[PDB]
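In structure tokens, one chain follows: the form deposited without the RNA.
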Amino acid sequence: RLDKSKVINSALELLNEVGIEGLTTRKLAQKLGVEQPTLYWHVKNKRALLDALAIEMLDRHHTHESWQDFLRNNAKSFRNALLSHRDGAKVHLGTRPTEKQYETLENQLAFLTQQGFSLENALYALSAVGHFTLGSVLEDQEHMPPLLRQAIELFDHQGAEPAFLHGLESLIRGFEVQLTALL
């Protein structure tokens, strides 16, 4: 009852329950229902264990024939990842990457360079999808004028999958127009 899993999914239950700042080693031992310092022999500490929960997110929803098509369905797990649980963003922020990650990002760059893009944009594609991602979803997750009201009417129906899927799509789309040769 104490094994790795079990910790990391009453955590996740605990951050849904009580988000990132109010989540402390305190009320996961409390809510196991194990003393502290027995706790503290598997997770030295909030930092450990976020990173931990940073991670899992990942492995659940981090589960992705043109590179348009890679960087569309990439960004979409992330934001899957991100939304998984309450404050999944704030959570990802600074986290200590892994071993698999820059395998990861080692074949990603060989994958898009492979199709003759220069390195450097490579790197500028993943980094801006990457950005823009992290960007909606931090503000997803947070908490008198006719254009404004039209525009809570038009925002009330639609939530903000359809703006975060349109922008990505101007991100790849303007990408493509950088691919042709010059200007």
Given for the second form:
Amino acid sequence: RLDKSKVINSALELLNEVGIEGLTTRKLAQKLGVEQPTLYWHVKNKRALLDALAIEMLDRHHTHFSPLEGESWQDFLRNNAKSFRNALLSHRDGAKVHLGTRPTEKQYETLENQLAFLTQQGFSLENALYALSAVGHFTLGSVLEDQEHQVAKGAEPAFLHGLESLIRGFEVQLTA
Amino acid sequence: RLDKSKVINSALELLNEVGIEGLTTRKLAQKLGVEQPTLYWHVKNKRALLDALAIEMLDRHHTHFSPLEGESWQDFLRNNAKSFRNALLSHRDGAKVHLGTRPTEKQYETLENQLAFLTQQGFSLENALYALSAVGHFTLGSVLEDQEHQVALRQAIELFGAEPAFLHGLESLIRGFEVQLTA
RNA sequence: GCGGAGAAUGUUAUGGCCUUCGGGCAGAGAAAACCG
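For comparison with the form deposited without the RNA, produce the structure of the form deposited with the RNA bound.
So here's everything in the complex, that chain up top.
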């Protein structure tokens, strides 16, 4: 009856219906037509479920985490953020559920590959980490306030122009 | 005895001791030695308290929201973010409590003055607004990731305060703002 | 004392509850309550 694919897939849908704060493991159990002591074998508590949702939104939509070979470091940073953005825009309050999740080991591994690639293109290791953190921080902050300001009742162009302010600022600083 | 100056100071202290998630109007009443029906007369619920706490953290520490006499538009944006950052670092989870608070009428009015300042300095109004949202978003995002990841390549993690990423990152937008406006 | 029990209702506390009337209790893996 219940597999890993089924329970989070409905959890992804109920996250849209209710929101992160209103979300409860009990409403999920009732959504699946099951008792809670049974569902505990899949999700131990609410917090673990949020981790599973965060991992699953990144796996599905953050598809440009790696540079398509034959791509500039600029275009990589661009589309990495655009894919990272679209992943947090995939579901309601997507930035919050992604927020507060300890990262996995492959995410570290992907960071070394991200770090190595920029060093290959002339970056210093110091500036490589600063650069990667800056684009990520601005993308995360942009998505958070976007989804939060969307709780009150365009912002996409503000993200684009802001991202290019980082990139073409990265360009000039690399001139060394 | 109880004035809403004291309740904000103690709520800020309870905000530091307990955190945004644990912070509740009930614990604040216990901290002040009063019943909840008494405290309701000052702050109705948690959400009103969050706005009250957020506003005064900016009032205390966001002291460089205005361009200093005889200062570059560049240095303004740097010191604008640095003050906004220090305001969000003033208390525990300061970025989270600041998040989700819709702004005052004075803040809009302050932003229009900010917009005019950079527009007057050669910015287009469209690009003027983009710059301020970007620096704010990155500063907000930078502080959130910082505050979240403190309740916890080989050379890389070794070289990690979090301020240098903010400082170096902010200069990446301004040095990008400079080139982009030279057009 | 602790077993049914990761019990139920409920969320973000102007209220809901215990009290030996001094006071005490708790938030999505609640305070309570019942039942050996």
